[PDB]
Amino acid sequence: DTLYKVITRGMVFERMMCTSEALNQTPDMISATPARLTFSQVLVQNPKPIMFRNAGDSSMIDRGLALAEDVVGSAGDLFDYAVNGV
Amino acid sequence: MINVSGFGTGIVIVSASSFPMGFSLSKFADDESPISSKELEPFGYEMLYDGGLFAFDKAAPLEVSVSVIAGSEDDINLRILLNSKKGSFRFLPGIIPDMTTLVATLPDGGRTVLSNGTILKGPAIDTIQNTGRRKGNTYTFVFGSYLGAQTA
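Chains B and I, in that order, give the protein sequences.
Position 36 of the first sequence, counting from 1, maps to 122 under the entry's author numbering, and the rest follow consecutively.
Position 141 of the second sequence, counting from 1, maps to 141 under the entry's author numbering, and the rest follow consecutively.
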């Protein structure tokens, strides 16, 4: 889920995820453990997003053609709970 | 007192086919070591990933260098052994062509028997040094199994 940013000596990269890991256990080293990792970049169009600070001030997502899914208790009782308060 | 002298040493060399009856070595060289050998490493060891130790058994050959005075009968006999072409004649199953046995006596009386081996290097023509002499000829054997009986 998380995207990571990597800062080497002078070079800064963004949108990376780890893709590998290779531990090693050898008589050459007992105290420590030599490891070799690997990262790959997530490629996306429009690398610089555009953001609005107002939630109402935003565009319109589109959700299409779902089902009413029914499975509901009753008609009168739910309304008599919703307006009478209980 | 301990006596570690080498004067009075003899070597009798017998070969399976070329020299069925054998010959003897008496004229050893004086500039170079008469008889010499390399170390025997019949063991090894390996390290385990936690730092432990493990020892096993290896296969170890044995090498001998024998030096003689040039122009002796010993030198010509060893040259004859050297020129014996291993390809010729016929051998027993699992026996190696020309299974050579070398038995050497210490001056005290102790004796050593080495078998299952052959000769593998040596000089072809004599060498004349700076001083005007002839360099001592040196030949090398290799053996597979040995023995030892150091009582007398």
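Derived by calculation from the structure, the hints in this document are not laboratory data.
The beta-carbon is built from N, C-alpha and C at its ideal position, and this holds for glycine as well.
One thing to keep in mind: the hints can contain errors.
What the hints assert, rightly or not - Derived DEER-like restraints, expressed as beta-carbon distance ranges:
#1 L40/I <-> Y90/B: 56 to 66 angstroms
#2 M115/B <-> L40/I: 43 to 53 angstroms
#3 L82/I <-> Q111/B: 38 to 48 angstroms
#4 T124/B <-> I95/I: 57 to 67 angstroms
#5 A108/B <-> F91/I: 51 to 61 angstroms
#6 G44/I <-> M115/B: 16 to 26 angstroms
#7 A108/B <-> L82/I: 55 to 65 angstroms
#8 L40/I <-> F125/B: 52 to 62 angstroms
#9 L53/I <-> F125/B: 54 to 64 angstroms
To be verified - Which chain I residues stay away from chain B? Per the calculated CB distances, all over 10 angstroms, these:
#10 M1
#11 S5
#12 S24
#13 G51
#14 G71
#15 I76
#16 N77
#17 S84
#18 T105
#19 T118
#20 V142
Item to check | Numbers of unmet hints, in rising order | outcome: Result: hints 2, 3, 9 and 13 break, sorted rising.
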